[PDB]
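Heads up, the chain below is alone and in the form solved without the named molecule; it's given as structure tokens.
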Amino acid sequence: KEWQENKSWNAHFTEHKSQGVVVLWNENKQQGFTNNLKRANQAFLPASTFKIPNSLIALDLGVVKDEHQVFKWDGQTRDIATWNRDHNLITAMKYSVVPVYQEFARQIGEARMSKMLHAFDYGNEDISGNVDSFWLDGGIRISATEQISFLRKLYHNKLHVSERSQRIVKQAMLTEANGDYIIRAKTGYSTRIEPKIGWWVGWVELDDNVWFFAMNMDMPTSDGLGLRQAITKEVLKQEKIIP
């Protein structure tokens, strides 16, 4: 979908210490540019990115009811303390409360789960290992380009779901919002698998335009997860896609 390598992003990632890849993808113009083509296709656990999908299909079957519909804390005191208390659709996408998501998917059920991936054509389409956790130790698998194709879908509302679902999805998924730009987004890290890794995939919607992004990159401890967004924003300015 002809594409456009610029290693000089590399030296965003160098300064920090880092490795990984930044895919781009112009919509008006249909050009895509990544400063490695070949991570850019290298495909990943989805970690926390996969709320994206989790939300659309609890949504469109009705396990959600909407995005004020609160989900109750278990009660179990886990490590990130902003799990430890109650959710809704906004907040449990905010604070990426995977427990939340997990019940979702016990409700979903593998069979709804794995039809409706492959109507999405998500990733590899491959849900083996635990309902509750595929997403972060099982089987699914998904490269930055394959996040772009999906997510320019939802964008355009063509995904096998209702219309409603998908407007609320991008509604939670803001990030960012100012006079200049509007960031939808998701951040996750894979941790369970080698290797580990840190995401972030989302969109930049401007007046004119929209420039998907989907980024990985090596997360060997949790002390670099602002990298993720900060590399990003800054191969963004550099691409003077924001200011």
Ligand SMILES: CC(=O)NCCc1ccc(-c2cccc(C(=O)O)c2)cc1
Given for the second form:
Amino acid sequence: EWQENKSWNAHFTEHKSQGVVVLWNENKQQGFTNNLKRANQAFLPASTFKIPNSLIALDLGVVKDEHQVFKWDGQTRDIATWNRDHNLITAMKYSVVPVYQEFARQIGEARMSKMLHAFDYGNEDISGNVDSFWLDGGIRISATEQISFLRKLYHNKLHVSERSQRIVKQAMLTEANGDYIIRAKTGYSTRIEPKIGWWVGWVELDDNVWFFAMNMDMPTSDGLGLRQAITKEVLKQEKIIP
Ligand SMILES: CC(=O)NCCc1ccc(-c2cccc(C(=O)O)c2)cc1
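Taking the form solved without the named molecule as the starting point, write out the structure of the form deposited with the named molecule bound.
So here's everything in the complex, that chain up top.
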């Protein structure tokens, strides 16, 4: 059911990094990874948490729809794209932490905790500050647990409305061409060691869907582009994409 392919380690070694890629073939119900241990090691979700956070905010009416404008609070932050108004689509695209911190404040501790348990999301532990626990609190999730969560989202099986799930999957849209569609979310965890990057989501083909979750050591922001690059090299090697 689960197969380990250590030859994929070359895609990390060649870039002088270390990490895990996990792939799941939905048609065949078969999983593949370069490192079974790390695939089941739990890390801070960082901005990958914007997927569940979006779902919860939409289902509770904290976010009306993907068009509602979240006005910049006028505080200059060091990421230029954060210093502007956003909707759900652009806030996800630019991983706008302060917008999602306000979502979490409006969701509140109790509803956040219940919903993450309903989602079976990671260790389901929101210990810490309600507006930052996914960055430096107690919540943890593994690459295999990300895939389990994404598969439910894909099939609209999470315990929120179909509409909420459709909107979040729209907001996850990352790439689309005549060969495939990628819906995914990046993450970048720096507040707790080890610093890592995430990329989780799936590849839609004409006749199958491949779910993926990767994380990798990220000692500096210089390597963030390797999250997508390494994943796509694995997808290419496995002939999932051209
Ligand atoms: C204020 C702060 O958060 N500093 C910590 C340093 C930091 C934080 C976030 C990003 C970041 C932002 C948006 C997108 C991406 C990406 O992965 O593409 C990365 C870059 C640097």
